[PDB]
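Below, in structure tokens: the form deposited without ligand NBO, a single chain.
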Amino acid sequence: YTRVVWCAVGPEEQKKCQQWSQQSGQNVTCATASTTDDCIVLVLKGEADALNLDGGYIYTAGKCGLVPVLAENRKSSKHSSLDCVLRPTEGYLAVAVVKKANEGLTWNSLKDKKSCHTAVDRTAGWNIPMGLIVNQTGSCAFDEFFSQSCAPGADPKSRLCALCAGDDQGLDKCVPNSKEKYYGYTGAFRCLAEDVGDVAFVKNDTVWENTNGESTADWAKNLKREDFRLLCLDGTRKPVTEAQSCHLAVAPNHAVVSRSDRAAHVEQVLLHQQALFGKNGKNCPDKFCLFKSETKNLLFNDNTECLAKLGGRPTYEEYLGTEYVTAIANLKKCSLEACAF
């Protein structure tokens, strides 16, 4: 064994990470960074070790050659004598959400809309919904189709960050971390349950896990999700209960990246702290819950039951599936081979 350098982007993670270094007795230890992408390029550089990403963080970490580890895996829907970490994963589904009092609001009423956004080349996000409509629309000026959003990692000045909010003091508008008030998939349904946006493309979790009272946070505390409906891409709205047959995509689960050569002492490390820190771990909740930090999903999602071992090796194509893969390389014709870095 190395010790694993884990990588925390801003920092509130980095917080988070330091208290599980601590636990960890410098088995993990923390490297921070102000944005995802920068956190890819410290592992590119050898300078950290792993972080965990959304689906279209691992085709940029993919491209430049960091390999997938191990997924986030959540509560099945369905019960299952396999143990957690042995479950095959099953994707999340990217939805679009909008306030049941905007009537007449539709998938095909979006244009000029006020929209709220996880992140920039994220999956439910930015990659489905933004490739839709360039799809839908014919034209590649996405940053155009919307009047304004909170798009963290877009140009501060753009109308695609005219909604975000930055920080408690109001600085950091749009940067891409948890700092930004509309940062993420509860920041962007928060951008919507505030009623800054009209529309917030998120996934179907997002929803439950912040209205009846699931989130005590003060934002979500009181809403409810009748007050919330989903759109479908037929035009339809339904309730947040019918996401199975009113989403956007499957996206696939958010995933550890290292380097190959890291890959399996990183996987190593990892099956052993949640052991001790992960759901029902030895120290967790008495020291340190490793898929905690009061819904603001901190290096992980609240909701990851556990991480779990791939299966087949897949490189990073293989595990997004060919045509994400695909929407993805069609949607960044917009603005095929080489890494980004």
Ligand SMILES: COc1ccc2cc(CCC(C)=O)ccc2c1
Second form
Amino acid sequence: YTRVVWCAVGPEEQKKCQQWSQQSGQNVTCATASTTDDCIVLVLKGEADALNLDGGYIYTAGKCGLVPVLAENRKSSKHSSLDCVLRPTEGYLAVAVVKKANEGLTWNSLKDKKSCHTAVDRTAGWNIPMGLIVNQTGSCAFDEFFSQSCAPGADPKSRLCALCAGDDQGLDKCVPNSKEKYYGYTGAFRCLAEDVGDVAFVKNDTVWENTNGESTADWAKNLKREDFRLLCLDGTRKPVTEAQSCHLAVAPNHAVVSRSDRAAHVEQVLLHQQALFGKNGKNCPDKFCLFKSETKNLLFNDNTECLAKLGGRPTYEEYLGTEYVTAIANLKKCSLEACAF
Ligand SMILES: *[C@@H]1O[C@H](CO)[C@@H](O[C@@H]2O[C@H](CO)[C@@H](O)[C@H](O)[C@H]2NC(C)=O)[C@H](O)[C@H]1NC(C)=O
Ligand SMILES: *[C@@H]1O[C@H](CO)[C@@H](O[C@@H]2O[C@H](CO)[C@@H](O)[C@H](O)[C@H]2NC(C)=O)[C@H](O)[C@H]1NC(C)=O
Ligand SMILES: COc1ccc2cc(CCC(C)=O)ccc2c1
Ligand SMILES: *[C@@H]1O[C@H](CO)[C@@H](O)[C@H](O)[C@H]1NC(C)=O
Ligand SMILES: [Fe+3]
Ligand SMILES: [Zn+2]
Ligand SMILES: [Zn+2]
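Structure of the form solved in complex with ligand NBO (previous: the form deposited without ligand NBO):
Expanding to the full complex; the earlier chain stays at the top.
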């Protein structure tokens, strides 16, 4: 009667979803698809109810009629009187990250370097950096800017996938799910950390959560923040402590989307689910933590404190903000009002 079908992207998210499903007594169940776009289609068909999406994906989903329902909310400094669920989200900082040792690499020298992206169509990983590059370059040939990239979701035979590594068996190169070694925030940062790419397009939080012992993962356990620099738009380089003065954009927080007709029910169930499995949840960590994935950001980002209610009932365009929507629209002209499916 009140069962929510979550859409998991790839087999690792599927595994976490199944654990959530078990622990929830089948109040949540799981559909799985290979890509985020496929999950959006499942939701559109009514074969799944909801999933949590990066802003670039919210754009795709929103064009197709899906609506934002609750947003990720991480640790915050203002909005102090307020409980996390009622606290207004503050967006995250999209950054360009390089190795300090890669001296003289700036925003202005990026042409014909190697790049690491979270995925095509994602905010910090793609829409922001490529939007800026297309703009300043005056060219839609964003596929010819970097010499090689890992941009999960691009054509696997193209240079945009050249740096992608696939899964442990070396299969699924460039798939836009966590099976691709260099997928997502953590994967794109790993792509930089291992010096596969010269630059990673990620968010401020990724740099911090994967350095100075914050991650015990083999590739990350030895990383020091001091070995990294942020690329500012004015051509300068800054320590990763300076993200507030050296970022590419403020991104709208990842958020849960659903069909408008299921939004009320999805919200209700999620608010109850996080009461059980969220940050201070009754049953986390003893049984299941909804916002933990061993840094793999499965289903939700690992730094999520809670899912927050959205003031005003925003449309997807209101949630993303007019400037970001128009930035995406402008970028999409390279590849105006219609669902892609
Ligand atoms: C960039 O991201 C990092 C990681 O999320 C932020 O550092 C955290 O900030 C909170 C307070 O907001 C601290 O209580 C945590 O201890 C910090 N985490 C770590 C691992 O150090 C940092 O504030 C962000 N910088 C900006 C400018 O937003
Ligand atoms: C890239 O350039 C386009 C075109 O100038 C930008 O789109 C403009 O954005 C401003 C500020 O939000 C709007 O007031 C204009 O109406 C937009 N112009 C057009 C022609 O659509 C876009 O924001 C830029 N992209 C990025 C990522 O900065
Ligand atoms: C943290 O993620 C969010 C959440 C809601 C947002 C709402 C807006 C509204 C600004 C407009 C034009 O609606 C902008 C950016 C937003 C970013
Ligand atoms: C499932 O949902 C109902 C409320 O609709 C509740 O009675 C039941 O205990 C819930 N259990 C879990 C584990 O979420
Ligand atoms: Fe994102
Ligand atoms: Zn700013
Ligand atoms: Zn409104």
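Take the two forms, superpose them, and find the largest set of C-alpha atoms that agree within 1.5 Å; that set is the rigid core. Positions refer to the first chain, counted from 1.
Engineer: For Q169, is the C-alpha shift between the two forms 2 Å or more after core superposition?
Structural biologist: After core superposition, the displacement of the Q169 C-alpha between the two forms stays below 2 Å, so no.
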